[PDB]
Structures are given as C-alpha cells and as structure tokens.
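On the provided structure of chain W, position chain E with the ligands as indicated by the hints.
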Amino acid sequence: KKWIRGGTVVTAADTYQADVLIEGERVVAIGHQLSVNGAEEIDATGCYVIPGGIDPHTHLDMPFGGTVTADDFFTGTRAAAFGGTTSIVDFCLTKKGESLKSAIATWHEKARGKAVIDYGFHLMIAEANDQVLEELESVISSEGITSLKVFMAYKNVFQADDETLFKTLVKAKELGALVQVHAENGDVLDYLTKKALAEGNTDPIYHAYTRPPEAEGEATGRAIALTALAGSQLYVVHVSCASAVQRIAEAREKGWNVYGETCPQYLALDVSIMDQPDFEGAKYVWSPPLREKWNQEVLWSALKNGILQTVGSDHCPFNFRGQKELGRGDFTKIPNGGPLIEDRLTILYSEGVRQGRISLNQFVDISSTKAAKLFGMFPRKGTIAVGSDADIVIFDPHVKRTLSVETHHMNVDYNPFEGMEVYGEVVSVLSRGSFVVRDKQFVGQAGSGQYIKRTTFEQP
Amino acid sequence: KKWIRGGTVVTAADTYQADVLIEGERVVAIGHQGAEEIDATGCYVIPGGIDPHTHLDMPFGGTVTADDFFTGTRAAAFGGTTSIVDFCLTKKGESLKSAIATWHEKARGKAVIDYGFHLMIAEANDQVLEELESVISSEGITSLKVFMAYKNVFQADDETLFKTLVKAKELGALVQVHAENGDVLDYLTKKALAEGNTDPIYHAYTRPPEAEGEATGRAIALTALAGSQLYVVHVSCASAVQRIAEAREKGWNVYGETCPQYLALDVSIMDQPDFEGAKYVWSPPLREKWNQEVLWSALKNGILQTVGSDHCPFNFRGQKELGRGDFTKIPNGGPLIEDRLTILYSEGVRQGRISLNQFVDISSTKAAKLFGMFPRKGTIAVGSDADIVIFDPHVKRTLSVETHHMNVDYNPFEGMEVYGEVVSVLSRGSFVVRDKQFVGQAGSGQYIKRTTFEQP
Ligand SMILES: [Mn+2]
Ligand SMILES: [Mn+2]
Ligand SMILES: [Mn+2]
Ligand SMILES: [Mn+2]
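Protein chains in written order, with UniProt numbering: chain W, 2 to 461; chain E, 2 to 34, 39 to 461.
Chain W on its own, in the form it takes in the complex:
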C-alpha cells in the first residue's frame, strides 16, 4: 500500500486534485479522505500526477549493420523510466525462412532479467508466404502479439513487396491486428543512394537529400490505399513531413481506420542541423531523415486536431565514436538511428503544452493513453483509474533544465537535443506500484519488468 497525496492528477480527459491510493500493483481508490490504514506516504503537493509514458516504438538491443544498438533491455528501459516512460513496445525482427516462434523466443530472452519496466513486442513481417500466414494465428492468440511492422524501405535488408503488404493487411483484418508500416519507397531511395555515391557525395548530409519527402508521401499513400482495399487498419509510424500527414488526413476524412505517429525529433529538429563541418551530421542519421522546419508546424497541428494520435521514440541508438564512425567514407554505412527514448516525454511537455500547441490533457493522450488503446493494453496501461496498473509518474513542471549527455541516462556518448533549455522534470516513477525512480534515483531492479500480452484491435 502506497498513498500519493497532494497531487493534481492529469489524464487524457480529467484534471483534478485528489489523492490516489495504490494497493498491491493497482490503483484502488481515488479521492478526498480515503482509508489509508498504515501505508507508505509519498508527497506530491505542487506536482502533476500522470500515467506512465508508453513508447510504442523502440528497437532495444537490435542489430543494424554488423553492429548492435548501444542500449540493451536494461540500460534502455531504465533511461525510459528516468525520462517518464513506464511501458515500451519493441520490434521483434523476423528473418526470411524464419520460425516466427523462434524469432519471438529470441526477443523474450533479450529482455528477461534485464528489463526494469513493462514491455511488449511488435512482430516484423518479412514475407507473407503460406508458412507465415499460418503461424500468425498461434502468435496472436498464444504469444500476446497483435501488431505487425512491414518495412517498405531498407532494400535487401527488411523491405517487403506490395504482395506481402496486402496479404498481411487482409490477414490482419481477419485476425484483429494493427498493421504498421515504415512508409518510404525503398526502390527510389536505393537509386538516389547509389547515384549520390556515383558522384562522390558521401557526407552524412546526403542521407537526407537521398530520401526526399515525396517518397514518404508516396509510400504512406500507397499503404493507405491497400488498407482501404483490404478493409483492414493501419498505423503509419514516424510521420516526418507534410506530404504524409496530408495522405493520412485524407483517408481519415473518408472514415477509414488509419493511424499516425510522430517522434520528438521531427517536432523539435530540422535539416539545417546536419549541414555541419566535421562528421557532426552523423548524429542525426536516421530514417525518415530530418526535414525542413516548415513541417514541424504541420505535424504539431495534426497532433492537436487529432489527425496524428501517438508519439514514440524510435529509439535506436549508436555511439558517435566507433559505431556512427563505421561510415566516415559513406553515409550508407552509418547505422541509422537516434537516442530518443528519455527526453521524449518532456519535450512533448515543454515544447508542446508549455508553448500552447496542445492542452495538458492532450499531452497525456498523445504520449500515453491513445497508444494503449491502439495496441490493446487498455486499461491495464495508459490511465490513472481504479483497476489500472500503478504506472504513475510524479512530474514537476516548474523546473527549468538543459538537456545534455553530461546529465542523461542512456548508454550513448551524445544527445541530439544537447543544449535545449526545457521545462519539466521527472521526480518519481512507479511501475505496478513499485519505485523504479525515487527523487531522481535508480532504486529499481533489473528483471522486474513483465511482458504485456496485448489484446486484438478495437477503435478508440
């Protein structure tokens, strides 16, 4: 038994002052004057009390290049916890000619004992031959997985043809699974990529100009069209640019079940930061690339008027030295990815709520709740109500602080928002009503995290 009193609680809907009362793992009662017989106090006067961040886009301990992502399931989840997030959903990668159960098995072992907070998996689909379509039944029922990434880019590495894409959409309809897509046209990027090399433009900046917004717009559009044709449901990850928001809007006007996600870097960074003398642009090499500043407003507007509806990290980080160095000679060999898991929550807060782009209630919805409802964790996660796992987060909105590698908790040598002056700070984080962070101290234990078995798809 724990007792948070003094807090102003904030959810996707409600904003009120009251004490919450946790017993075991779950919130149990909310109000004035509860029955707190002999239970641990926690003072939350002055602070906001909010549900835990859910971060539906994480690639922890992944290979990309012959090298692996810096954070593991321990370093990763900890950093998430530090930066306000209590539950992640990671991308289980399948390898053509692939026991689907054996890939999953691998991702479980990658977590077990390391993870401090709760976590779930998405399942990547490489080919959708008869073999794989069969296995999908097992996984949705037994293995607690009900969402499915298809990459339309990374040619000869992860890329899938329209066939795979469509068969997977129609199955997903049949089984009740959200399909997700990395919507860029591999084929046009490969050509532009191999051409820019032909001409000796090897700098990291040419990572951005070799995958123009027109190519995201196109694949997003395409993936929407098949979803329409299949009668299925879509979640475009990482929308970076206006060309795609346009395509998502358009479909959601015709009432189809299309969904959208950004990340902070597209909300808070632009291309100009890559044009930088020495290898400094490799800090920003990730896909889709950073875009022109015009697009930040459009992305924001979309979140605000409910056109996009979740925010993830796409945390996939690599060290500037040694790792992002593989590829001094050419940008194709820069492993693509950023360290974004930690600051996410608070940049949403500081740049968004605090400068009047979204409401405080939307900030929760956009970082926590809506991601639970799409990925079938609701109401175990993503809210403060009676029954809900006690994934609470006390949050002090008055602190002003500068984001930095000197002070962050991810296991990497840089921070893409290095130097950003920012409001808000994570005081304490509970996961199923146990401290992971207290007064900004790691009091958690490795292995405490539990796998979340998600339910099948249901609108919002």
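In case anyone wonders, no lab produced these hints; they're calculated from the structure.
Any given hint could turn out to be false.
Stated by the list, open to error - The list that follows gives simulated cross-link-like pairs (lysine-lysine, DSBU-like), each with its CA atoms no further than 35 Å apart: (1) W:294 <-> E:255; (2) W:196 <-> E:97; (3) W:454 <-> E:196; (4) W:294 <-> E:174; (5) E:156 <-> W:195; (6) W:255 <-> E:255; (7) E:196 <-> W:174; (8) W:255 <-> E:97; (9) E:156 <-> E:195; (10) E:174 <-> W:196; (11) E:174 <-> W:334; (12) W:174 <-> E:195; (13) E:156 <-> W:97; (14) E:195 <-> E:334; (15) E:441 <-> W:195; (16) E:255 <-> W:305; (17) E:334 <-> W:334.
To be verified - A few chain E residues that face chain W, going by a derived Cβ cut-off under 10 Å, partial list only: (18) 24; (19) 46; (20) 158; (21) 162; (22) 163; (23) 188; (24) 223; (25) 253.
Note that the Cβ used here is the ideal one computed from N, Cα and C, for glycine as well.
Only chain E with the ligands this time, still in chain W's reference frame:
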C-alpha cells in the same frame, strides 16, 4: 493536285469556311479563290484522327489479336483515323532493336495509313538503358510504356519505373504507364477463384478503382521525383483523374488519356446471363456510370487531353471462349478503333459536353504534340501532311457488327444510335476511303519517326 472546296474546316483552334488545296502529299494553300476536285459542301473538313493506343497483331494468351496491321489500319481509316501509334513489346533478355525490327515487319506491306511505335520496357538494367540512346536518335521512337500490372507477364517494379523516368528525362522521352497495382489484383484474382467466382463479371470486381488511383498516384510521385514527364493511359475512374488533376495544379508535366468505352459504357453491361460479359473484358475494367461525367469534365476543362482506342480485339467465339471456365484466361481486350472518332463526336460535341474545336484537339491534335508528330500530323495547315477527313455530321446511324469494318465478330457499342459518318479519308493526299469505299492499297502506310518531347 486535289481541291477540297465547299467545306467548313475545323481544327483545334479555328472554324471557318474555305477551300483547301493539296499538292503532292501536303496542304499547300487555303482560302478563297487543273486539279482533282472533291466537293465538301455541307460537310466538316477536319484533320485525321490520331489514335495513340493500338495493339495490332499482338500476342496475349497463346493467341493473337484478330486485326493485323492491314485489317486494323483500314478499320481506323473507315472510322476517321489516319495515323496510329502501336505498342512494340519487349521480352526480358531482349535485343531492343530486334523487338522493334519485329514490329516493323508486322506492318510493312500490310499498313494502309501512317503509323508509329511506342516502346515497352520490361526491365531497365544497364544493357537496356544503353540501347535506349540508339532508339531515340536512330529508330524515331520517343515514348515508353511500362506496365505496373499483368503480374509475371508485362509487369515492372518501381525500380524499372524510376530508372526509366530519369532516363526519359535525360533523352527527352514521354513515359507512359498502365496504372494498376499488379500485386493487389493478383491476390484478389487468385482469391475470387478460390471461392469459385469464375464468371467474367468478377474481372471487374477483382480490380477496383482504388487500385488505379493508387498506381496512378504512384507513377505521378516518381515523375515528380525524377523531374520527368508522364502520360497515364486509359484513365477509367475518378480516383485517377483526381490524382492527375492534383499534380497538374502543382505544375508538373503529367498527361492523361481516355478511351470511348469508359466514356460510353458501364459495368452493368457485364452482368449478363450467358458469356456475354466477356465481350467487355479488358483492363482497366468498365466502371460505374458516376465516372463517365468525371472523365468528360476532365476532357472539357483540360485535365485529360487525349483519346485512344486501346484497340486489342479478340473474337467472342473460340478466342474470348478460351476462358469459359475462368476469367483470368479471357484475353483482355476490345475492338474500339473504328467508332472512337464518331462516339467522341456524337456523345460529346452533339450533346454539348465539348466544343467542336475540342473534339479535334481531343482526338487528333493534342496526341500529335505529345508524341512528337506535330505539325506533320494533327492539323489542317500549310505544310501539314494531307491527312484530311470529310465528315457528315447530319447522318443518323446505328453502330453494329453487321456494318463495321474491323475483322471481329462483335461490337461493344452494338445498337448505339449515333450522329455523324466518315465520307472520305485522305492519307498524305491519297484516298484511303472515298464515298465510303475502300480504294486504298495495302503497304501504302509509312512509318512516322517522331521527335523528342516538348510541351503543348
Ligand atoms: Mn522506422
Ligand atoms: Mn523504427
Ligand atoms: Mn493498357
Ligand atoms: Mn494498352
């Protein structure tokens, strides 16, 4: 020397009454005040049809298209058209020159009217990208079909599609696309068989408009990315006109074509008892009647700008019969070459959807300027080849197999009451048809070597 007097001449721009004067193969002077007279009092005098979408003597299935380059071009001439552009099909692992060679031989001696070639592109590996220079300079070819559908038969991936667009930019070639998503159609197709829906009607429901809208959108997006120029063939539905419109508003060089069947027929005609729907099996399929208005509006306000037949005909007996058991085997195609000109007239001008001037532009001129045959073809001016057509707008007549000139057992517009009739057709100032008689000779037709791309 020939002398057409009494005519009211009609072009893409002009409408006036005057005598034109042909000498040799070319119009030579026009105006008021020992040469062969031809009376055109009462009739319209207009430039020859150009039909930029023909598949004459083509294989599809293990069978071939009914009309050859003789029967075909004659029928065109009968129905008002003087110059065609046919689709030279390339096979993977393909001497590009040898494919062309084959398409020349298919014509030589058979063709009665003038003709050119498009070049199909199957793969755009280094080999083929190299050859393309020879062809655009030497072989007179400056337009290129890539099919995005017919999986494992003609279909190209986005790679081939993009490379070709960027090369086209580089050489000055119009790229053309058949814009349906092969992949989604294959699934829907093999699924509709799984369930035992083998009637010809399921040809239409296995390739919904959404899939044309998609490939159209897609092929437009690459064009933007390549800075190259596009011509979507056969736009059948609103989903694609939408996509074309949108790009043209942003000022890219995207072009659009329909055919009469999509202006004048709808799906309901397929739902018909016995194998009668197979008469309408072709790709894209007939659409709901809502779309005909949208297509017509586009032509009118200059969103689409050309009209072709996609003439690719097969006999209802024996040939269309190939797939009584299942619609995948029905060779996809219609007999559309002959009536095209006059359905554009009667349904379009006559019922007040287009102007008389636009009728020429939409059937003749604009196709010349996009395919690089202008001003040799597609107008009545001093210098232009005398591909004239005397045209009587007052005749009422019923379109029928009993009376048509294509070498096939049916007519898809069979029974349509229609205004207008082709009296006489000149090709380079020689009669191909006189007072509705075939006075032409096989082999008289000449290959037209087209120039590179330039706007409009
Ligand atoms: Mn991605
Ligand atoms: Mn990702
Ligand atoms: Mn076609
Ligand atoms: Mn065709």
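Here is how each hint holds up against the structure:
At roughly 21 Å between alpha-carbon atoms, residue 294 of chain W and residue 255 of chain E fall within 35 Å of each other, so this suggested pair holds. Distance check on the hinted pair: residue 196 of chain W and residue 97 of chain E sit about 24 Å apart at the alpha-carbon level, within 35 Å; holds. Of the supplied pair hints, the one linking residue 454 of chain W and residue 196 of chain E holds, its CA atoms being roughly 33 Å apart against a limit of 35 Å. This hinted pair checks out: residue 294 of chain W and residue 174 of chain E have alpha carbons roughly 30 Å apart, not beyond 35 Å.
Between residue 156 of chain E and residue 195 of chain W, the direct Cα distance comes to roughly 27 Å. Compliance with the 35 Å bound is thereby established for this hinted pair. Proximity of residue 255 of chain W to residue 255 of chain E is assessed by CA-CA distance (about 23 Å); at most 35 Å being required, the pair is judged to hold. About 15 Å separates the Cα atoms of residue 196 of chain E and residue 174 of chain W, which keeps this hinted pair within 35 Å; it holds. The suggested pairing of residue 255 of chain W with residue 97 of chain E is violated, with an alpha-carbon distance near 41 Å, which exceeds 35 Å.
For the hint pairing residue 156 of chain E with residue 195 of chain E, the CA-to-CA distance comes to about 12 Å; that is within 35 Å, so the pair holds. Among the hinted pairs, residue 174 of chain E with residue 196 of chain W is consistent with the structure: their alpha-carbon atoms are about 16 Å apart, no more than 35 Å. At roughly 30 Å between alpha-carbon atoms, residue 174 of chain E and residue 334 of chain W fall within 35 Å of each other, so this suggested pair holds. For the given pair, residue 174 of chain W sits about 18 Å from residue 195 of chain E by alpha-carbon distance, which is consistent with the 35 Å threshold.
Restraint check for residue 156 of chain E and residue 97 of chain W: the C-alpha separation of about 22 Å stays at or below 35 Å, so the hint holds. In summary, the hint linking residue 195 of chain E to residue 334 of chain E is supported, as the alpha carbons are separated by about 12 Å, within the 35 Å threshold. For the given pair, residue 441 of chain E sits about 59 Å from residue 195 of chain W by alpha-carbon distance, which is inconsistent with the 35 Å threshold. Taken as a hint, the residue 255 of chain E and residue 305 of chain W pair is honoured in the structure, with Cα atoms around 27 Å apart against an allowance of 35 Å.
Between the alpha carbons of residue 334 of chain E and residue 334 of chain W the distance comes to roughly 47 Å, so the proposed pair goes past 35 Å and is violated. The interface hint given for residue 24 of chain E is broken, as the beta carbon of that residue sits about 52 Å from the closest beta carbon of chain W, more than 10 Å. For residue 46 of chain E, the interface hint is violated, since its Cβ never comes within 10 Å of a Cβ in chain W; the closest pair sits about 55 Å apart. A cut of 10 Å between beta carbons decides the hint on residue 158 of chain E: the least distance to chain W is about 15 Å, and the hint is violated.
The closest approach between the C-beta of residue 162 of chain E and any C-beta of chain W is roughly 6 Å, which is under the 10 Å cut-off, so the hint is satisfied. The interface hint given for residue 163 of chain E holds, since its Cβ lies 4 Å from the closest Cβ of chain W, which is under the 10 Å cut-off. Annotation: interface hint on residue 188 of chain E holds; nearest CB of chain W at approximately 4 Å, less than 10 Å. For residue 223 of chain E, the suggested interface contact is upheld, since its CB lies about 6 Å from the closest CB of chain W, less than 10 Å.
Of the supplied interface hints, the one on residue 253 of chain E is violated, with its beta-carbon coming no nearer than about 16 Å to a beta-carbon of chain W, more than 10 Å.
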